[PDB]
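Undergrad: Each chain, written out:
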Amino acid sequence: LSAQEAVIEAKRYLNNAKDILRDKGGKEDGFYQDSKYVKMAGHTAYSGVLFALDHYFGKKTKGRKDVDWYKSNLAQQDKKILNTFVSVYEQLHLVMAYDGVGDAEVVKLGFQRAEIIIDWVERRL
Amino acid sequence: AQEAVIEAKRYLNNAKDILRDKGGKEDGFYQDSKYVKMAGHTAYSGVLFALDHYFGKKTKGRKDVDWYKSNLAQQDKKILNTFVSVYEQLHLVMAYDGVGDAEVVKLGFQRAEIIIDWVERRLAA
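Protein chains in written order, with the working numbering: chain A, 14 to 138; chain B, 1012 to 1136.
By construction, these hints were calculated from the structure, which means they are not laboratory data. For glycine and all other residues, C-beta sits at the position ideal for the given N, C-alpha and C. Don't take each hint at face value.
[To be verified] Output of the computed footprint for chain B on chain A, the stretches with three or more beta carbons under 8 Å from beta carbons of chain B:
(1) 96 to 104
(2) 110 to 121
[As the list claims (entries may be wrong)] From the structure, some residues in chain B lie toward chain A, with a derived Cβ separation under 10 Å:
(3) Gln1042
(4) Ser1096
(5) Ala1136
Model the full structure from these sequences, guided by the hints.
TA: Shown next, in the form of C-alpha cells:
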C-alpha cells in the first residue's frame, strides 16, 4: 500500500461503520438500541483510525501496539490531533466497542473526530 | 424536600464552573485532567443526588450503577438510555479517565439536565 491507498482504506472502515449503524444499529429516540452493532461499528471505525495511523507513522519493534504507542507518536506532532485521538479512543474503542453504548449525537461527534484524524493523516501526506 | 432537584443543579453548575475556571480549555479540549475528573464526578454525583431522592434507599449494601439502571428500566427506556450515556460520559470518560472533549462534555451535561428534569417532573406528578 501507498500514501493515498492507505488513507482510502481508512475512510472505508469509517463508512462501513456508518453503514452498520444505519442498517443494523436500530436507532430509536436518539439511541442505537442493538448493542452488538454499536460494538461492531465502534470497533470497525476505531480500526480505520488505527489503519491510517499505522501507515502514517511506522512499524514498531518489540511487541503489541496499544493506545500508548499511538499517543506517543501523536504527542510529538500535533496536540490537537492527540486530544482528538484520545477522544476517539474513549468514544469508539471504549464507549461503543466495549460498552455497547450508542448515543447517536455523541457517536456522530466521535466519527467526526475519527474523520478529522484520517483527513489529518491525508493532509500531512 | 424536593429542592433535591435544586441541589442536583448546583452540582451540575459547579461542574461547569470548574471546567470554565480550571479545565484549561484549548482547541476544544480541556487540558487539565485533574479538573476534568473533578467536574465529571461532581456532575455525575448531581444526577445521582436527584435519583437518590426520587428512588430512595436500597435495603442492603451500597448503590452502584446497576441499582440506578434497574430502577430506571421499570420506568422508561428513553430515560434509561439517557442515564447510561450520562454514566458513560460523566462517570467513565470524564470522572475516571479525565478526558474532556468540550463538545462531547456539553452533550453529556445536556443528558444530565434531562435526567434531573425528569426527576423534578415525576416528583410533582
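Undergrad: Against this structure, judge whether each hint is valid.
TA: Going down the list of hints, with the structure as the test:
Counting residues of the region 96 to 104 of chain A whose beta carbon lies closer than 8 Å to any beta carbon of chain B gives 6, which meets the minimum of three for the stated coverage. Coverage of the region 110 to 121 of chain A by chain B holds. Counting CB-CB distances below 8 Å, 5 residues qualify, and the rule asks for three or more. A hinted interface residue such as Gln1042(B) counts as satisfied when its beta carbon comes closer than 10 Å to some beta carbon of chain A; here the least separation is about 8 Å, so the hint holds. Because the beta carbon of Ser1096(B) sits about 4 Å from the nearest beta carbon in chain A, less than 10 Å, this interface hint is met.
At about 21 Å, the closest approach between the beta carbon of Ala1136(B) and any beta carbon in chain A exceeds 10 Å, and the interface hint on this residue is violated.
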